[PDB]
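Peer 1: Kindly produce the complete structure, drawing on both the sequences and the hints.
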Amino acid sequence: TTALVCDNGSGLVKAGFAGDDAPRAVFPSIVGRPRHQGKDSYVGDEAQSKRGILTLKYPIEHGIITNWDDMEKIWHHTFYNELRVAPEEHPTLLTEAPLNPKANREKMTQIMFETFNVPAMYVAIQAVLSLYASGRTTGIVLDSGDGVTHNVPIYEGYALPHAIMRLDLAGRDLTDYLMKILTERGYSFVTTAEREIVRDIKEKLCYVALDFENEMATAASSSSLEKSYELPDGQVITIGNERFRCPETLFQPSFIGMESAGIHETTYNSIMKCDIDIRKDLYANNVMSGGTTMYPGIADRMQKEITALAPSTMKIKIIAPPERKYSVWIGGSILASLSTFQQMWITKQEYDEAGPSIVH
Amino acid sequence: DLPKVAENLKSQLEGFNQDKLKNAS
Ligand SMILES: C/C1=C/C(=O)O[C@@H]2C[C@@H](CC[C@H](C)/C=C\C=C\CC1)O[C@@](O)([C@@H]1CSC(=O)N1)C2
Ligand SMILES: Nc1ncnc2c1ncn2[C@@H]1O[C@H](COP(=O)(O)OP(=O)(O)O)[C@@H](O)[C@H]1O
Ligand SMILES: [Mg+2]
Numbered sequence: 005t006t007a008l009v010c011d012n013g014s015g016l017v018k019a020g021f022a023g024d025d026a027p028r029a030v031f032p033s034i035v036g037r038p039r040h041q042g050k051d052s053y054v055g056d057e058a059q060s061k062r063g064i065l066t067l068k069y070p071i072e073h074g075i076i077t078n079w080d081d082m083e084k085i086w087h088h089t090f091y092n093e094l095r096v097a098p099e100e101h102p103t104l105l106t107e108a109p110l111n112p113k114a115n116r117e118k119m120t121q122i123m124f125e126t127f128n129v130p131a132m133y134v135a136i137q138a139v140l141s142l143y144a145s146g147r148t149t150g151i152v153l154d155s156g157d158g159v160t161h162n163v164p165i166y167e168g169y170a171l172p173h174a175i176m177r178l179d180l181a182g183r184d185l186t187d188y189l190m191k192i193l194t195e196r197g198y199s200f201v202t203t204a205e206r207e208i209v210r211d212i213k214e215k216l217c218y219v220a221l222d223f224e225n226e227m228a229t230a231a232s233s234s235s236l237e238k239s240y241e242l243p244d245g246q247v248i249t250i251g252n253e254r255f256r257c258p259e260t261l262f263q264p265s266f267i268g269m270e271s272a273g274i275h276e277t278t279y280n281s282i283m284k285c286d287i288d289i290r291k292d293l294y295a296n297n298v299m300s301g302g303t304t305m306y307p308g309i310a311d312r313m314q315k316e317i318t319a320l321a322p323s324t325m326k327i328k329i330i331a332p333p334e335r336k337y338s339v340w341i342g343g344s345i346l347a348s349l350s351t352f353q354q355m356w357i358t359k360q361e362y363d364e365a366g367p368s369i370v371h
Numbered sequence: 010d011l012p013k014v015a016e017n018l019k020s021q022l023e024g025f026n027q028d029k030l031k032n033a034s
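Protein sequences, first through last, are from chains A and B.
Reading the first sequence from the start, the letters are residues 5 to 42, 50 to 371 in the authors' numbering.
Every letter in the second sequence is one number past the one before it in the authors' numbering, and letter 22, counting from 1, is 31.
Mixed in with the good hints there might be a few duds.
As the list claims (entries may be wrong) - Here are the simulated DSS-like cross-link-like pairs (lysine-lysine), alpha carbons at most 27 angstroms apart as the crow flies:
id, chain 1, residue 1, chain 2, residue 2
1, A, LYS238, A, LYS215
2, B, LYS13, A, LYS359
3, A, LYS291, B, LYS19
Calculated from the structure, these hints are not laboratory results.
Peer 2: Have a look at this one:
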């Protein structure tokens with residue numbers, strides 16, 4: 005029948021069916037369990060509503076699944092509650108973060124077949140699905156989500172693992188950063204509940220500056236960059252340089268006390284780590300994906316930082332599709348919908364015969 | 010034997026008209 009596509013995000017799970025232009029369900033990648041009197052599980056929004064009597068967990072904190080009991084809860088919810096289907100009836104395409112350990116990929120496969128009894132299954136790299144979504148098989152993706160951000164160079168459809176760059180900094184950290192400066196200005200943002208207020212402020216008012224210093228000076232000598240936000244308690248916090256200082260972190264991690272390279276540098280390094288005979292293709296196809304790549308000005312800023320690092324001859328092109336927030340999912344949707352892809356679904360017959368290592 | 014599958018798959022991805030994709034919602 006129809007294939008299922010589940011993008012297991014570190015912050016949000018995007019789920020739906022292959023052939024759709026968008027994910028039917030997108031919910032918080034969280035699982036809550038009864039806290040006292042030692050049902051007995053809640054996923055997504057529900058888990059959040061009832062935080063008061065549950066202990067929440069993040070099974071995919073930084074892109075990698077670290078808790079299998081919890082993950083079984085996400086997938087159960089996805090299937091039966093969100094999509095409302097019997098997993099045994101549909102082949103399932105699952106996405107995984109770049110550099111996911113083999114044993115991890117094998118346990119995901121073990122669960123799908125033994126726990127959810129799916130007829131067929133497949134595991135693809137998120138970044139690669141995003142490139143696919145843009146109509147390319149070669150290119151270099153910059154995927155910045157909630158818990159982690161990756162640089163993934165891809166040639167003829169295959170990711171180049173040795174050149175993959177990882178930055179443990181994404182949207183979640185951008186929110187924690189803005190939350191910090193805001194609490195310092197006097198507005199109390201502490202609880203996770205409250206943090207959701209800041210996150211929303213982030214998404215609606217933050218942007219990337221083409222030149223941090225020029226922008227910084229404008230904010231200091233004018234009020235033309237000021238925007239206002241009404242808090243749920245009625246207060247009207249207004250912000251200026253924190254509007255672009257927050258995202259600036261992606262380019263300068265030191266704002267968060269990290270000595271790691273910024274996203275423009277990690278992209279350059281990832282390129283330079285690749286066969287010199289394909290660097291032009293990468294440079295010409297830098298595709299951005301993920302919710303943290305939605306900031307206004309991020310594309311222009313990348314184009315500037317990269318042209319400055321690469322050789323003057325080089326043609327630098329940054330691709331940032333409007334559906335950026337769902338490129339991965341859409342990549343899987345397109346893939347798992349193809350005709351020629353059907354010979355790719357690891358089947359239970361194959362799994363029952365060779366084992367979990369059949370996935371590689 | 011299977012590279013032809015991948016090969017053809019790569020072709021199907023490069024020529025895929027993103028529409029023809031059921032409008033979710
Ligand atoms: C519309 C929305 C989008 C989103 O990205 O949610 C994800 C998931 C969410 C789960 C925890 C919260 C309390 C419970 C329910 C949230 C529901 C909807 C929030 O934790 C994030 O907020 C974190 C915190 S601060 C940040 O930058 N990411 C990202
Ligand atoms: N319009 C926006 N501007 C800035 N950030 C956004 C926007 N929309 C979503 N985000 C952020 O993107 C992050 C997670 O994106 P996503 O790639 O979907 O998650 P995974 O990382 O896949 O769960 C969050 O930190 C969220 O706040
Ligand atoms: Mg993701």
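Peer 1: None of the hints should be skipped; say for each whether it holds.
Peer 2: Structure-based check of all given hints:
Restraint check for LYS238(A) and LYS215(A): satisfied, since their Cα atoms lie roughly 10 angstroms apart, inside the 27 angstroms limit. Between the alpha carbons of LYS13(B) and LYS359(A) the distance comes to roughly 23 angstroms, so the proposed pair stays at or under 27 angstroms and holds. As the CA atoms of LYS291(A) and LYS19(B) are separated by approximately 20 angstroms, the hinted pair is consistent with the 27 angstroms bound.
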